[PDB]
Amino acid sequence: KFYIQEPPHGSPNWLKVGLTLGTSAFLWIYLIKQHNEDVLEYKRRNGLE
Amino acid sequence: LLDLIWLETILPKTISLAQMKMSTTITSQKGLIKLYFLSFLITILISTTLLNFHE
Amino acid sequence: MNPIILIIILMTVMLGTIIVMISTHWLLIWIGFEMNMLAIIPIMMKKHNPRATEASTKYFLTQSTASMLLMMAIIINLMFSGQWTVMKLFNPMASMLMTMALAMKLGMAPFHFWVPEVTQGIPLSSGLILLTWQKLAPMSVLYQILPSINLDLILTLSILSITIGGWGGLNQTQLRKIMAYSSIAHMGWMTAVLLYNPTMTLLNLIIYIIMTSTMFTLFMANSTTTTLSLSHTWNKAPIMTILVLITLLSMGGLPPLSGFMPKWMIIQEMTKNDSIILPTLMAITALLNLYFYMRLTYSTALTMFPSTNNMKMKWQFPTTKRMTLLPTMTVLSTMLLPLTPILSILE
Amino acid sequence: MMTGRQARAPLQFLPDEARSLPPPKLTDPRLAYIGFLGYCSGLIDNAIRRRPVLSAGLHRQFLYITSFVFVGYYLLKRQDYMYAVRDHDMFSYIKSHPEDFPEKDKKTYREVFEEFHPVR
Amino acid sequence: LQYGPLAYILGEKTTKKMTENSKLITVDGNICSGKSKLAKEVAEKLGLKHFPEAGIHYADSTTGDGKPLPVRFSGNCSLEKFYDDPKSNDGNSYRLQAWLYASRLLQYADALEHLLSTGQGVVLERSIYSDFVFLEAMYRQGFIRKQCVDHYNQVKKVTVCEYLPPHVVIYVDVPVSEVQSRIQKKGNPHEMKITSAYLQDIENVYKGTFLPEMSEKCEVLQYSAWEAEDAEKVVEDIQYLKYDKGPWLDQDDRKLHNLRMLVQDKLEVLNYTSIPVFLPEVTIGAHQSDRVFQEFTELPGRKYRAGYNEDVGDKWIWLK
Amino acid sequence: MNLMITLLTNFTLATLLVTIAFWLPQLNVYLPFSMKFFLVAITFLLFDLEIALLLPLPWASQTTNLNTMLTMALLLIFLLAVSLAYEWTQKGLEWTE
Amino acid sequence: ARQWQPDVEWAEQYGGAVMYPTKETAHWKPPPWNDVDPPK
Amino acid sequence: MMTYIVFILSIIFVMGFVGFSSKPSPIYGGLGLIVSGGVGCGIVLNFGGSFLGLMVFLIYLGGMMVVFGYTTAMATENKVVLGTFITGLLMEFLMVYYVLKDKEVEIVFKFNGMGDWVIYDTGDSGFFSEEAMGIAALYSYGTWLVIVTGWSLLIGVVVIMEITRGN
Amino acid sequence: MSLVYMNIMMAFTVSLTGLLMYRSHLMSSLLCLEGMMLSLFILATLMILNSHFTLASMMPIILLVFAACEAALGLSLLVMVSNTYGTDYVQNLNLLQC
Ligand SMILES: CCCCCCCCCCCCCCCCCC(=O)OC[C@H](COP(=O)(O)OCCN)OC(=O)CCCCCCCCCCCCCCCCC
Ligand SMILES: Nc1ncnc2c1ncn2[C@@H]1O[C@H](COP(=O)(O)O)[C@@H](O)[C@H]1O
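Protein chains in written order, with the deposited numbering: chain x, 1 to 49; chain L, 552 to 606; chain N, 1 to 347; chain o, 1 to 120; chain k, 1 to 320; chain A, 1 to 30, 49 to 115; chain 4, 1 to 40; chain J, 1 to 77, 86 to 175; chain K, 1 to 98.
Think of the hints as simulated: they come from the structure by calculation, not from any bench.
30 Å max Cα-Cα, derived DSSO-like pairs, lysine-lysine: (1) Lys-29 (chain 4) with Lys-157 (chain k); (2) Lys-303 (chain k) with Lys-1 (chain x); (3) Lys-236 (chain N) with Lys-146 (chain k); (4) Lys-87 (chain J) with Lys-581 (chain L); (5) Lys-572 (chain L) with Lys-585 (chain L); (6) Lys-255 (chain k) with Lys-109 (chain A); (7) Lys-245 (chain k) with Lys-217 (chain k); (8) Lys-255 (chain k) with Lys-54 (chain A); (9) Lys-29 (chain 4) with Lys-146 (chain k); (10) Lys-45 (chain k) with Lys-245 (chain k); (11) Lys-109 (chain A) with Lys-16 (chain k).
Kindly generate the complete structure, drawing on both the sequences and the hints.
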């Protein structure tokens, strides 16, 4: 060891890292799904297909 | 005379002294609730009778 | 304070402001203000010392007086209109009384005299609530009654707030009074553009809330309530001096920063309406605000004041304070000017 | 100004007519700037907590970038919608009030007399 | 953090763990009272956690690798140079006293954090309530100035008000002649330079100022040099105390929650030790401050937050 | 009108009896503040406002919106009870319980 | 020849009750550090 | 004279306000506000507001001014007051004299000087008091109003117990 | 307009100028504040009864209740002020000038 007291951030909070990566991946797939649905609705309403 | 005194006196120094003096007049309040509400009453009387902000 | 009781009381502050924002009846506006004042009194008396009791008493007296003037304006509106809809008022006397009452609740000059006292008397988190969240409900009422707001009254209040808030902060060394006079000047800027374009009122309100929340969060993160204790920050946390530097330069409205965004748009809306003298003198008067912001940047970031020996102990301990949204708020308070046309989302 | 326009259908962040508009591209430079602001927030978050700035918490930096891009995409959609509404109202008002917007007779500079001011 | 408002809401009350043995006991005495074993003896009879007396390098023992830092990074002051040159020009005397007050403040915060998080009582040696009896004993000897006493009283006025006093204060009566006999038997060549008037001033501010003011807010036990040798009599006296004074009686879960929130935030504990009072004994100018800060950051394990230092072998930093 | 006459008569009789009692025997020659009392007065005031909310109930039972009326009546008496329970458990009703 | 940094004399100008002490605001002392006044 | 009874009670109402607002002592100020509350109740009763007038007696005078006089008795135990009182009295009776000699006045608003019986309705309400029915509709129509008022009173209990504790 | 409204508004302005001109006591200020409330109650009540506006008959009660709760809060502040200085004098509340 090095430290005389075990630090709070000596080991990674794996629950919080998992929630972070899962939330970020969810927001990316929801953003890409929203964007594809929006370009499809734009092309449907304006007749560009 | 000019570029250490008078051109220094007329634009920056007199402006700075004026803002200092206005700052000390605005912030010389005695912390009394009585005087602030008396100023609020004088504000309402000037707004109604002297400025006609209610018409 | 019990944390559950703190959560219920903060939700009640929020509920009072939300009731003001969502209601169509004047009695529910007045109820939202009463609920908000009643719930925010314990937040000011959180630490139980005579300065907090004095600040809460002064706050109670000013907000209760404004609440009675508000109810008299509502009652005169009911005389001359027979109804209670939160819309334009149907009497100029009721319009004057409601504008006075809302200016007292905002602490706009010449009803500004409680804001530095009450802000100084209370902790930094409760002064954060007072200078940001407590502006939201009266500005929303001013938003809805602007077809009946007298122009000369609201512009007199605006320029008087900008000048008095500029000169008031020049004499201050306490950080809470600096933020209070800065608040008075920024509310003057918000009401000056209100009858011309209330979207710019909302823009100035949002940018002010972001920058003021940033400065209060930095002050809480460094435990500093004076200029001279803020000057120790370089020897303890040198990143915090850079953050207070960029945020104070932004609050001065210096481009390319985000606090240049409101006043520019405000001038952009006041010259379309052929008012040229007024935004000119307003912008020149805001140089007073920039002067005492620059005073704080000189003492904190651009020079190194002398420290003490016991500071060496605080080098061995990290900041365990939850600096909630401080990097996000610091980025939004400084780097937002390239996204200036985002303001149309407030329309 | 446009507050009675969005008052028959209140509290809609993006109304249904906003779907007639092309959405911002994901390579929108405004959206790339908002992602850059998320990256700067992640760096300041490492800096104020005395973490190594570029290296520590890459999951946290990526959630900063992702959350700013996510919020900013919808903010840009609403921005473009409101300027489209502004122009739609402008053009419909000009089309419905021709007496207020006459077609001005454009004159060529052979008829236009301008006063000459010599620089001498 | 580990403890906060959420853990208090989700059931963690400190009166569940506040048993009868959860007592903060401070042992006091003069420079060679021999209290240092007595305290340990009490902590091995009542089952309490013993904290040794906070010196210059207490904060060094609580942070980093636990090893003492070089004296320019912690202290900037010497006890031995105080013993050699008490009236020195560089201001070692009050700088040493102010650093020791900050160290005892940190130690009292550690003791209250252990007591309020575990329910185990703590035996201290010369807490922040008894630190001032050196200060006045320096000021009565002309070792420090009146301005140094004013600075000390400002820092004490805004720091000690936030804490609870100990439950038991144990004092050890040892006369100045026996103190000097034990100093000469100790053999420390610096500590043998202590005058008689300084030790007599320590005893006078002990008996005339400290013990009268701690007799109201807690329970003072006072022993001579020979009756403090029997630890069983001292522990018998502690176990048969009827606690009826001081502000420990009116401590519910809310007040002790607020106190535990205070004593786990060490920068908030150490906030007002560095107040901007520009006293020449404690003021460090900006060039020395900058230079010693940047030398402190280059120490191993000290550049970043504790879990974030590759040079001392911290892993998974890109996921922290 | 009869009520104003009756109030005037009761006030006149009371003032006449007080004037007799203060001037018929003239013929012959011959604190530290207590927080507890203030708290019980404020608790009276707050529960008295809650009672003022409860006073139109004999008229409110005549409505055709009885499910809503019964819900709001029970909710007001319940919030008076929650005020009492908070006053109880936070030691507000102590030493004058 | 090194860079000037503020001395104690420069820094004491920012520790007063106000920034510009006049005749009226000369009895003003700065507030307490923890903002707690004694109960008198 | 009896056709002006609401006006006479309103004169006594303003006289009571000049009484306590000149602030002789908070106990005499409490007495002046009590007398004012009684005569304002009488005004409300003469416009047919029986329940609202009895709320002035039960809640304002019997509930709130009791607590004011109580706190005043626990806390307490001139020339400006008398001059202010005669000033407000002379201003009020100059208002009376003008609006009686002219049957019209304009201080800020225009005011008729006839007896205020003239504005009333000339019908009946059948077998109910309309004011009683509108107050009874707080439970049927005023659901959100009941919610926000009861929540504010519960919060008021909590707030008084927070700020009076000192801890 | 009708003649009683003149006096109820004048009562409001008299109690307003009483509340905007303090003498010494905080209690006298709270009495002027509740006089302002009483006049608002009476004026609201006379309008609502004159108009036969039925649903607004519950409005002055609400105006009473909230404001008396407000008054309760004010009394508590006064008491805490009176637990600091011995009196409720407004001139003792001047620490926040600096
Ligand atoms: C059209 C507009 C409609 C409305 C839009 C939204 C408006 C938002 C207004 C924001 C006002 C926020 C006020 C602060 C939060 C309220 C509660 C509070 O103060 O919590 C802080 C809390 C208290 O900690 P405490 O323990 O009391 O501190 C004493 C020392 N231990 O903890 C702390 O002190 C921790 C320190 C950090 C706290 C930072 C909080 C930042 C919140 C504001 C973010 C920026 C504003 C939102 C974005 C823009 C919206 C306009
Ligand atoms: N002003 C002071 N003068 C001398 N010793 C001090 C002073 N302040 C604290 N001490 C400590 O008190 C110790 C003497 O007690 P002891 O631990 O029994 O030797 C010294 O070794 C120092 O660590």
